[PDB]
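Number of protein chains: 4
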Amino acid sequence: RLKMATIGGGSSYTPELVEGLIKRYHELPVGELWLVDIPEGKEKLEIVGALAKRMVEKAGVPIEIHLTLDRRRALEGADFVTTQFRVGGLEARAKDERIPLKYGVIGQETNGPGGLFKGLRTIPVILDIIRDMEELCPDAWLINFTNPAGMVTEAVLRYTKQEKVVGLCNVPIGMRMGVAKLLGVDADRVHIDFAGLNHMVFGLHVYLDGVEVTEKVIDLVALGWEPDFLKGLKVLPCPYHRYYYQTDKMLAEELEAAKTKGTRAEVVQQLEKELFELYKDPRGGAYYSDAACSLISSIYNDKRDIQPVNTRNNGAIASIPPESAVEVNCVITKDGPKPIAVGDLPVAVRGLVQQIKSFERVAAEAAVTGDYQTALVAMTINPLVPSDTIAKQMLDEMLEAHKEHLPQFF
Amino acid sequence: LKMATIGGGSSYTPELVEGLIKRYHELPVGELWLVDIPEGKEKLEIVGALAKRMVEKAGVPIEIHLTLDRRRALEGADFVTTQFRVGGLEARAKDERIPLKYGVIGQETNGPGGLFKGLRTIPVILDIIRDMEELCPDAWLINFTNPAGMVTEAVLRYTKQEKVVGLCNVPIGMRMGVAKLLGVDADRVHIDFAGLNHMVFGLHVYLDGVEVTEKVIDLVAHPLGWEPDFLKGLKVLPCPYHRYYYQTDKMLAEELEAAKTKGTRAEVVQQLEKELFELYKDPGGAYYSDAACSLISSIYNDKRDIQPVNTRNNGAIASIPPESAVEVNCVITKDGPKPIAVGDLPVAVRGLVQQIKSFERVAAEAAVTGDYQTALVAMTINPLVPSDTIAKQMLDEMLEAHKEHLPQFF
Amino acid sequence: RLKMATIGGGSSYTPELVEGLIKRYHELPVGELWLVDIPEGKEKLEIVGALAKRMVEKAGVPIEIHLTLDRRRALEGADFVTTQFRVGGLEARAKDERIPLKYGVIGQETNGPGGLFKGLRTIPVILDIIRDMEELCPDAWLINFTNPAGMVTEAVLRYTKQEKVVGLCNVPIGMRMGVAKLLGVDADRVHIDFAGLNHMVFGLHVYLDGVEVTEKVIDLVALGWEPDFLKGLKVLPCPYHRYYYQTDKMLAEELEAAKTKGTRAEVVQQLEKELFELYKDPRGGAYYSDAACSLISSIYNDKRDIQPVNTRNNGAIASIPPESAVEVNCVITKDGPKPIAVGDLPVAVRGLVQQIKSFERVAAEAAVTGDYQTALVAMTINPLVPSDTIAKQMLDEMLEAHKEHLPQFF
Amino acid sequence: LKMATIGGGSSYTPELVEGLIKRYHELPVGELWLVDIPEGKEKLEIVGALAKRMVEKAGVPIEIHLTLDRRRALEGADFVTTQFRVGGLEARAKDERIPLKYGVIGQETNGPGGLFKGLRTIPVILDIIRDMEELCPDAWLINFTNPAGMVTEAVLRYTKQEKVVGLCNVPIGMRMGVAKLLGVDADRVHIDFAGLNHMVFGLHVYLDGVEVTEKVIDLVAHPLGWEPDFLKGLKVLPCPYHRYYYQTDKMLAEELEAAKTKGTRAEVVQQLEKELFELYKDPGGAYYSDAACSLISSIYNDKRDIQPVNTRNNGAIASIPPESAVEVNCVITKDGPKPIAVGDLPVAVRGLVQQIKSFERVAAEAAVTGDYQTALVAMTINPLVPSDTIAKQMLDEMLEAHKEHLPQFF
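Taken in sequence, the protein lines are chains X, D, V and L.
Just so we're aligned: the first sequence equals residues 4 to 225, 240 to 299, 311 to 438 in full-length UniProt numbering.
Just so we're aligned: the second sequence equals residues 5 to 227, 240 to 299, 312 to 438 in full-length UniProt numbering.
Just so we're aligned: the third sequence equals residues 4 to 225, 240 to 299, 311 to 438 in full-length UniProt numbering.
Just so we're aligned: the fourth sequence equals residues 5 to 227, 240 to 299, 312 to 438 in full-length UniProt numbering.
Bound-form chain X, shown alone:
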């Protein structure tokens, strides 16, 4: 009987997960399910925990909902572990998205400057959690959604013995969903060759019933990409690529929404503020756990289907280290995901992905050594930072901004 533990129990997305297991219970015999959160989130936990406990009873599935704060008990022989928390809360994402704004620089949640400090705050906690699993459940799996998944994944590989780790995004299932509606066709008649890193993944090839239709799909993309650029690239870009191929335009959006709706996080907070109110008794942001259940299932069941996840490269992509973390199509087995080969990333886009790995790597190191000097190198080399100078300012400032979460620097 399966025991599952989730950290970030009081999340906005928590019901999407418990629904997912309900729809897929026949093959996923989940016994206990534990929801963990931290003291400054106890309220939101105890709210959706009941809604979970309600969704369950209304479906006749015998899933026991366990709510707790003593994380260490929820790991006591866990079988699978999911992580959907956000360190520093939404209030922290607000800082990440406005401090860059002063400087003309992107203030997104997982790219540029914000992404860096999202990691510095977070991946200590990830390693902190694993240091517990090595005592409470060393055979357990770590399935991870806490962003930046592609950097958090790289931490675990570089700084931990944990070989059992997987990361998820909704960018892949998004792009599929996706080119389906572009061809106006039942989605599972479409399969895409993914390769790249998280929030930096490409659709290398597109098949409709096994026949490549990548060219014809690309022509139909004319969120707007230049025809000649996209046609000439011969691959299909991720939504986060506008941050690198359409930078000024983006930038535009981050500026204007600040005056108006507020920042994305700010906009998020309200929508999230009033969403808990629904949860208090008797639709945007992610699918992150419709793609999480598919994975937890296939692993458990050894289904050996093909899903795009984050795992050890092992040479799937030539230019990325074998010991590093990529986001590619994997055969999904009980021993883990298993990368299908790619060869290398296409020339045109090979360097920019190389540019992001370097950033994740240096960022991951600083988050763990706590070394100011490393963190500064991290921002400056990032492609959404113009100068060492500006870099130093945002760094010195955002350091101070999240002092509470960044002890390793003091």
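Worth flagging that the hints you see were computed from the coordinates, not collected in a lab.
For each residue, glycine too, the CB sits at the ideal point set by N, CA and C.
Check before you lean on any hint, since a few could be wrong.
Far from chain D, some chain X residues (derived; all Cβ distances over 10 Å) [said to hold, decoys possible]:
(1) 47
(2) 246
(3) 434
DSS-like mimics (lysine-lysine), calculated; alpha carbons at most 30 Å apart, straight line [to be verified]:
(4) X:105 to D:248
(5) X:420 to D:266
(6) X:248 to D:105
(7) X:362 to V:266
(8) D:276 to X:266
(9) V:251 to X:164
(10) D:164 to V:164
(11) D:366 to L:366
(12) D:248 to X:420
(13) L:420 to V:266
(14) X:248 to D:420
(15) V:105 to L:331
(16) V:56 to V:26
(17) X:251 to D:431
(18) D:251 to L:362
(19) D:276 to X:105
(20) L:164 to X:164
(21) X:331 to V:167
(22) V:105 to L:362
(23) X:266 to D:420
(24) V:290 to V:47
(25) L:331 to D:219
(26) X:167 to V:251
(27) D:251 to L:167
(28) L:366 to D:184
(29) D:366 to L:248
(30) V:251 to X:362
(31) D:362 to L:366
(32) L:366 to D:331
(33) L:248 to D:164
(34) V:248 to L:420
(35) X:331 to V:331
(36) L:248 to V:98
(37) D:219 to L:366
(38) D:164 to L:251
(39) V:167 to X:251
(40) D:276 to X:431
Chain X is already provided as a structure; the job is to place chains D, V and L on it using the hints.
Below, chains D, V and L without anything else, positioned relative to chain X:
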């Protein structure tokens, strides 16, 4: 032994035939030739007569011949070199101003300009070879004609000429540059260079063969203008072209006021050069070929010293394909340069130069094929261009700007 | 409606194939099926062609059997092409297996000296067949069983544009069948991680219902392997590995059977002589086409299951070139097989597999250039040849032996 | 500057302190030390007094000190070298005879013997380092103590000593060897060496820096004993240890009659050496350390010449891991040797040396761990051992043969 030189009328031919006088000791050059296009016929002869002067003032039996008919200068030629500029220096003028409109760097071998400087040159280099194989299939090819980086690269991928080297003054500069600093003879200081042209690093700095790199950096950072902690944490030593990348903002602040005030360097040079021909009638900028004489000498006498040049990677830089071109330290040999092994670039700098490789490569294919889509991909993926849309505009404006010497597009 | 063409139509195994399609017709709508053979085999063709035509009618499957000698018509818009012929007939395998015997050297059919000349005879014909498909069916697939599959595959990749090529063996399905009977368990509860080259493939990992049981399976292997060797190797060896880890013992067998039953080919010939007699009107050697139909099906159907075949490495195995041919697990899709990553081959066994690739490569070249000098290098470096001298003798002798089939050498 | 030498009592110390006299010019060696184990105390002093002679006959202020207490000789030592033999030359006796029983090569650094010569040495080298870090963490380590190939390798993988070089006379031999041939000064001939120890190739041969390799080969093949066409088609130039591999049969014909007749070289040497100490009382085999003086000199004065040595691959040989050891040409530098890049080995020879790498690697791990299973895998996979079964027997016989100085097995 018959040398031959393309772009005889260059401002730098002094620096050239001044190199040889200090090395007739080993270079039995009988007939030297200087060529140019009929559009520079005059500026050629203003210096041609200045050649025959100093080979008379130093007593050297070197036959100064001048010609427009290029092929007769490849009549049994043994060495062939290239310092010419396609489009004149008026072409460089457009490439520094058209980007200024858009906020994009208007440099001659970086960003948009670099793409176009290439797009013009490469097909001509290929033509020089096309009949270099005709009249000198045994002869060497030594090149400056920027962008040296993507000129070498293009030559490997689209020709069967194995006899190619590339030179830039960035390392030699950085040598004496760093040499001066400590305060010893250049003879007493050596550096490990790995990278590409205008993308080359002081990986380690030696003083007598003892590595002092941490010291040296700490001096540079605390006597250009580099952030201290950035420079210390990158633990290596940037090219002077790394400001366009690590200091992009400052660098375009500078390109603008210098455009209001004194004009772009193309323009500042256009006069200062049109006045240097003044002195060339009877009695700053580069080392680009004193340092590229040290080579040719070593090549003939097989001296096996250690000079930084541009040659087929052959796996010395792990992340660059072996079939591509890099700027690395090399053993010089009568059979060719032989790169020492670098391993791979440090992590923090690996993505950046991987981009430049990608840029060079795409810009190469566009220059040869003449494809618009490949060209736009070149302009978009370059780390100095903010949008597909900006890139789309600049590309059309500069294509049109140079209709004359892009006859493979039209 | 599918059109399939097979060369080597009059083969002993031909009925196993036509049975295979019969059992799997529901998903494999095979319209026409053509059986091709050559004049000196017309008799054996016209015999089993009727037995095929009989197996079909007795099953109610509407598969038209087409027998021919005009190969070029059988390819006229073929959809799939299989090759099971053997150049030089069984009489040629007799020579390959006895001429080494004089010299103390292995005389097997696809390893050592015999394998070399099996290639030199064969892979011209393979390329000869493809030179036809490029005119008659350029969208057709080439599925290949004609040994040596691992060398024949490498020819097509190196010397042909044909990207659509796959090779089969029964060694994989054999080893599975295999460790099943070793655990005494339903075979499809067992899946093995294959990696290596054809007739040189290893069972890297063994799973029973997704749990690795590789260790416990290996202990049960004690055809006998030393416990400590096999346990210490931590992988599972192919049947052809006794030729390299158990050499003298093998060698033994090839010697003794010569005195007695005759050579394998000789033994084969009788068993095959009397087997055609059964075929004339109203069980050993291979499964090579129970694994062929599984593949032709999955490709056609896009089943995306996992089968171990021979395809372009593309970095699936680090130490083997990306452009070369390996024998690994592949996801099987309509665009082709798709290698799951391996990383590299385990250290212990990495070199011996490297040793075989080199042999296939040099052998493949000589078979096509016809260069004596290359062929000599081929044998001498092979691991079952003791000296350049002996090498030269068997080479000079077997050259003469198969002059008729080896025109490229004269 | 205090040199220190382990295996002072070696037969070759003449060749050592004769090197230095021709290079006191640049080597300020004050106190030199010569050490050995108490079991060679006498043979040490027979030559120790011969040291103090020639540093008196040439007028050199080098303090010849002798000691058994090894550590006092590492008292502030600056250079450390190794020529000792573990087990005496009586141990080499067993390793050349025990294989003879089985038909297997009884060489000292190839096949079974090589494995065992290693299995004895490696753990001792690691011990010398274990306290070299104690008393000379700044000091270099230069090694001959065969097998040089797997001694270097082991040191990289199981120690943090970066300061290591390895020497063998095979290349220097092959130099003058090939130099002699044509008939010019050695100063006028250079070769490109790529491979491993006793597994090193003349990739190209230069005469003044012009490549004459095709000529040179055609001379060697038509004035050892190499097949003409084999040697011409391999287009490179084998080590004299490639007969054990490309001529295995002839090589054991020779080891047998030489065993009947004159005895094994261990024995032939045992006397010829016990009689060379005769002359060492008052007034053939190697260059293994005249050529390894040329190094130490270059290392101190940073001469940056080109000598073939054994160092961390660092990617110079593509197929060898970068973390492993190769025998390649190198630039010699006060910071260390710096391999020129080879690219990869030619195809025909790549598998062979990949095996030797595999052999070296396994033999290393067995020597350190002391695992029986790892040891048998080492003996079986070696390309000179015919069976697991033969290997099983030899391994037990030689383990027992050397119980004394394999204390990590017992």
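The hints, checked one at a time:
no., hint, in the structure
1, 47, "holds (39 Å)"
2, 246, "violated (4 Å)"
3, 434, "holds (17 Å)"
4, X:105 to D:248, "holds (27 Å)"
5, X:420 to D:266, "holds (14 Å)"
6, X:248 to D:105, "holds (27 Å)"
7, X:362 to V:266, "violated (40 Å)"
8, D:276 to X:266, "holds (27 Å)"
9, V:251 to X:164, "holds (21 Å)"
10, D:164 to V:164, "holds (22 Å)"
11, D:366 to L:366, "holds (12 Å)"
12, D:248 to X:420, "holds (13 Å)"
13, L:420 to V:266, "holds (14 Å)"
14, X:248 to D:420, "holds (13 Å)"
15, V:105 to L:331, "violated (57 Å)"
16, V:56 to V:26, "holds (15 Å)"
17, X:251 to D:431, "holds (27 Å)"
18, D:251 to L:362, "holds (21 Å)"
19, D:276 to X:105, "holds (27 Å)"
20, L:164 to X:164, "holds (22 Å)"
21, X:331 to V:167, "holds (28 Å)"
22, V:105 to L:362, "violated (58 Å)"
23, X:266 to D:420, "holds (14 Å)"
24, V:290 to V:47, "holds (10 Å)"
25, L:331 to D:219, "holds (24 Å)"
26, X:167 to V:251, "holds (21 Å)"
27, D:251 to L:167, "holds (22 Å)"
28, L:366 to D:184, "holds (26 Å)"
29, D:366 to L:248, "holds (25 Å)"
30, V:251 to X:362, "holds (20 Å)"
31, D:362 to L:366, "holds (20 Å)"
32, L:366 to D:331, "holds (18 Å)"
33, L:248 to D:164, "holds (25 Å)"
34, V:248 to L:420, "holds (13 Å)"
35, X:331 to V:331, "holds (13 Å)"
36, L:248 to V:98, "holds (28 Å)"
37, D:219 to L:366, "holds (22 Å)"
38, D:164 to L:251, "holds (22 Å)"
39, V:167 to X:251, "holds (21 Å)"
40, D:276 to X:431, "violated (44 Å)"
Going down the numbered hints, you'll see the structure goes against 2, 7, 15, 22, 40, while the others check out.
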